[PDB]
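Next comes just one chain, in structure tokens: the form solved without its partner chain.
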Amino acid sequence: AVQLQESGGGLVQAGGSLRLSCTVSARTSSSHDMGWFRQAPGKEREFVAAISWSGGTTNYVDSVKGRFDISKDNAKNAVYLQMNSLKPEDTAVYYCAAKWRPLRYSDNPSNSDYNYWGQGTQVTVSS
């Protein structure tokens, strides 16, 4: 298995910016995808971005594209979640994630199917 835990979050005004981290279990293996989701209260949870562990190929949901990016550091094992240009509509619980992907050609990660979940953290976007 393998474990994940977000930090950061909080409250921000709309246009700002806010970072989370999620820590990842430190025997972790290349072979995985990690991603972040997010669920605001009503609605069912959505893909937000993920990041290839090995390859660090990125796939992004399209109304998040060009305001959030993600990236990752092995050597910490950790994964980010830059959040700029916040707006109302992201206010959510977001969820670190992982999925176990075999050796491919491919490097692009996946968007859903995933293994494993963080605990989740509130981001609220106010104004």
The other form holds:
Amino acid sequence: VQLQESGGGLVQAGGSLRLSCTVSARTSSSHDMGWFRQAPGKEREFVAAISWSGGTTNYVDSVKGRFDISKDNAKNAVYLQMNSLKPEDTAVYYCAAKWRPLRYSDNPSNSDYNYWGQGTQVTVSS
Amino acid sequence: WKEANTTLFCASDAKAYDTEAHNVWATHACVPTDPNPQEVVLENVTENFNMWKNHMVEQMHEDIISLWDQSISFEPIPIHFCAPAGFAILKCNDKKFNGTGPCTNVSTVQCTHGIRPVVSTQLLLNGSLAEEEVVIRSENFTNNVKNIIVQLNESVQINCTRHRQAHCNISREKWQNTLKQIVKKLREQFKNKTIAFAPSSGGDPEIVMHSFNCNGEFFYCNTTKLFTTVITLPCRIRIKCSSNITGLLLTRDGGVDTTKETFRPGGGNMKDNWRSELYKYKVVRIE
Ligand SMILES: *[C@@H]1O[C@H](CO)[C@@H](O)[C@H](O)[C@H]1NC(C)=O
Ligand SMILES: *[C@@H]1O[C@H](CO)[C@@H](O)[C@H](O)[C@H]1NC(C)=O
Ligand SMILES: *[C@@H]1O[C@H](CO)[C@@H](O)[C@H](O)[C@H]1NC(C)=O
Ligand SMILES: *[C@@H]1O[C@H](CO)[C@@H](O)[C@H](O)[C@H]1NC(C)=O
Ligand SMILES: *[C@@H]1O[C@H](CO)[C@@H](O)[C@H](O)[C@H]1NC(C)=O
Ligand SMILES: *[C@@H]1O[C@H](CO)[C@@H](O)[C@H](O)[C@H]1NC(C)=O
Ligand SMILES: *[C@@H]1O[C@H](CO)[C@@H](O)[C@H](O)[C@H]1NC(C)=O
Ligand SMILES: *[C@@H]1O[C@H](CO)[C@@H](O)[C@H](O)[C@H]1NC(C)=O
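Switching forms now, from the form solved without its partner chain to the form deposited with its partner chain bound, please provide the structure.
What follows is the whole complex; the chain from before opens it.
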């Protein structure tokens, strides 16, 4: 499948979930990995990204201070720690990869990623 | 013959005594080419293609990632992608094929043509020219989120040099000729609205520039003068290069149904670069 997410669940607002993504496809020192999400009815939106080599991160404003994106290169893994969950966080969460061979900056992309997982479903109640 | 996803093999004429990245990669990854293979043209046969859902593109992308992540001189060489035992590649021979839907003149082959895996943004370099007229291809033209791949029928030379500062020269006559033919093809698709071009509007820094690799050096060229005797594009480097512009990646602006549609250079999903060469091919199980 190349990318496989896990860790979705039903949670109560104020709780926490940790999403995981294993990247079976080919990785490189110029990759970015990220997380996107799609709330029911709405369009897909960027959540967070990390440069695979440098570890520079970026977040959408509505998750700052609450979500953290990390990686483990030896496990071909990327993680999204989600704390202080809010009903507006309810969505399908997708892991994604982008190869950026011509990049000249470690800041990761927030759009136009090469491929996507099937998604992991997150519902935040109350 | 069911369509089938399988793992392709690659073939090249790389040289084993040569130090450049593509030769070293192909020498271990690929087998020798058949210098003169036969091609069977299929009489009376029609087959459906979908260049936008073609597992060959995913496979080439992984292979090119491997090549770059492996590694000196850096000059792309032709690589053929080939169907293993029990499979074949169907090739669409229709000379103005949009890449989706039915194709009449079809032939079966073991391998693709030799593709140079050129990594670039905005302009497609050193690729295959259309056999007849300019062709534009999109997954859905009415969705402005879907990129347009343009295939030219005449190369436009781009010559680049360095003095960190650098530049690329294009013939103004040839480029204006190219834009005119692209405009005619875009009007066919957009209810004969007026066509406008404009410079890149955002995205990763390397997609807002024409970016490419010229034997070792990464060039980042400002293409405002292309989308607004010679045209001189200013470039930054982060040595001479001459390439053939053979295609373009365009994106259409969203918005209200004005009298006009505006198009901007784009790219960044290298899989579109591979689509621009693989659109005419599809893998099938022969058994
Ligand atoms: C491509 O052309 C074929 C042949 O007319 C047509 O059936 C199909 O709808 C076209 N599709 C696109 C995306 O242009
Ligand atoms: C099909 O395409 C081939 C090569 O493009 C061409 O030589 C041939 O005339 C075309 N038609 C048939 C019926 O073979
Ligand atoms: C390329 O195609 C255009 C139409 O799109 C045509 O007017 C022009 O003559 C063609 N040039 C060549 C060299 O085939
Ligand atoms: C793009 O194509 C789809 C399927 O053909 C169509 O439903 C849609 O209206 C088109 N444009 C969009 C989604 O903006
Ligand atoms: C590029 O260089 C070639 C010589 O190899 C020359 O014929 C051509 O005019 C040059 N093009 C531009 C746009 O300077
Ligand atoms: C665009 O022009 C073509 C002729 O090339 C015509 O068939 C078509 O009806 C026109 N479209 C509109 C929306 O007027
Ligand atoms: C390209 O150069 C023009 C000046 O000629 C400038 O206005 C524009 O911002 C530049 N574009 C980028 C992406 O640097
Ligand atoms: C295009 O091909 C020429 C030789 O045919 C080569 O010198 C040039 O570097 C190539 N361009 C790119 C961007 O690889």
